[PDB]
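Next comes just one chain, in structure tokens: the form deposited without the named molecule.
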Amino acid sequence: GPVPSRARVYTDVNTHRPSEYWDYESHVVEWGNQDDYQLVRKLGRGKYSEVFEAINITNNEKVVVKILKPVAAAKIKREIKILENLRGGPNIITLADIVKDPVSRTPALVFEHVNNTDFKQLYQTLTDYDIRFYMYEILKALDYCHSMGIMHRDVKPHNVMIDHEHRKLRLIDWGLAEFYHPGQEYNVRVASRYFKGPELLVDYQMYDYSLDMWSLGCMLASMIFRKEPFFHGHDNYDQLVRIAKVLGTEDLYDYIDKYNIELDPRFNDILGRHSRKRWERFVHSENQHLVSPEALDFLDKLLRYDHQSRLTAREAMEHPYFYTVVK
């Protein structure tokens, strides 16, 4: 069968903890007052929740209320526990309350509001300096949650709220986050298609924090090359072919050989043979101002098939790409 794997950092953080920290099913939810919140407008709806802009009538502050659908209502304790564990951490969204919605009869999570700009408009305006600055801010959130024994598992532009006017960032939507336990086999049906790491695409279940670093590399490549998304798969199978057209098939086969993974035979007729492309292939007159030797080297060290080879969040923060960012 497959060769096992472990994180190279923060490996044993959860085993030292009292079970209270990570045994989310044993957690007793403290409920707030639903009447403190007045819903203002519906912001969105997904398969797992309905999201509303609301006002906290006790302090007249704007908040966001995520009312969980019955399908997400099952693993609510995991999201609550993770949000409470990470509360106050750098660039982590603050969970302000947990109330019972009177209409849905399901839990409603109340978060602080962030004045975000949709990435489809915002990413087009970012300068080279801004991409470095905001990437460093995301890394602070990722190193914090990883150091706390938690993988986000859904890093993508829609889950990074940026108040560009105030140069403030928050990492949101912890509904897919999970506690890392060495040797644990996890569900590969996590993250969004274009941000899924090769470990998920080849059905390797013993993954870790490094999944988030692949997703972050996908965001970086889209930002510096002005190509949204960078790996534009039509489905989860074509997603791996798109990756292989850039990183090459030889390193893909070495990755699966190292972990003794057997690729789904449906890849035999679609993967082909591709060499690794040099990152300069993606540079053109319209994105050249966002590209530097440091950006390319940093990206090259995130976008690796082997999850164990990728930079950790703390190693990423040490990279020369961030030397120009004021700290």
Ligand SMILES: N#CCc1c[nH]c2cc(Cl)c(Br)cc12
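Residue numbers count along the first chain shown, from 1. Shifts are known only where both forms have a C-alpha. Superpose the two forms; the largest set of C-alphas matching within 1.5 Å is the rigid core. What changes on going to the form deposited with the named molecule bound:
The residue among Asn187, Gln121, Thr127, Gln184 whose Cα moves by 2 angstroms or more between the two forms, once the core is superposed, is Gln121. Once the rigid core is aligned, the segment that moves between the two forms, defined as three or more consecutive common residues whose C-alpha shifts all reach 2 Å, runs 117-121 and is the only one.
Could I have the structure of this protein in the form deposited with the named molecule bound, to go alongside the form deposited without the named molecule above?
Partners and other molecules omitted; one chain follows.
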């Protein structure tokens, strides 16, 4: 069958921590007062929650309330435990309270509000320097959650909240996050389609923190090349074909061979044969202002099929692409 895999960093974090740290099912939830929050307006409804702008009437501060839908409040203790474990960490969203919603009768997570700069505005106007600056801020959040034994599993631009005036960034939406335990087989139905790593697309379940580094590389590629999304698959199968048209099919088959993966036979008629493209093939007059040899080298080190070969978050922080960022 498939060959096992382990992370090359933070392998022992959850064994050295007490069981209370990762055994989320044993966690007793400390319920707050739902009356402390007045809902103001609905911000959105995803597959798992309804999100509201609200006011914490005990300090008149803006908060965000995520009311879990019936279907998947089941995995609430996992999200609560992760948010409580990461609280106060660099650029991690702060969970302010946990209350029982009087209407849904489900848990409602209360978060610190971020006066987020409009998404399109960020994509369209962040400069080369700002991309480097904010990528460095995301890396601080990812190295912190990985060092704490957690993988985010849904890194994508809509999960990264930037208040551009205050040069503030927060990593949000921890509903898919999981504790990393070496040798554990995880569900591959995580991350958004365009940010899914090859390990998910080839159905390799023994993945780790490095999935987040692939997702981060997709974000960076879309930003610097002005191509949203960078890998534009029509579905999960075509997503792998879009990746292979850039990274090549030979390194894909070497990856499959190394881990002894059984590739879905559906791929035999659609993968074709492709040679890796040099990153300069994506440069043009409209993205030249965002591209540099250092950005391309950095990107090349994130976007690798072999999950064990990608830069870790802490190694990425050392890269020359960040030498210009004020520290």
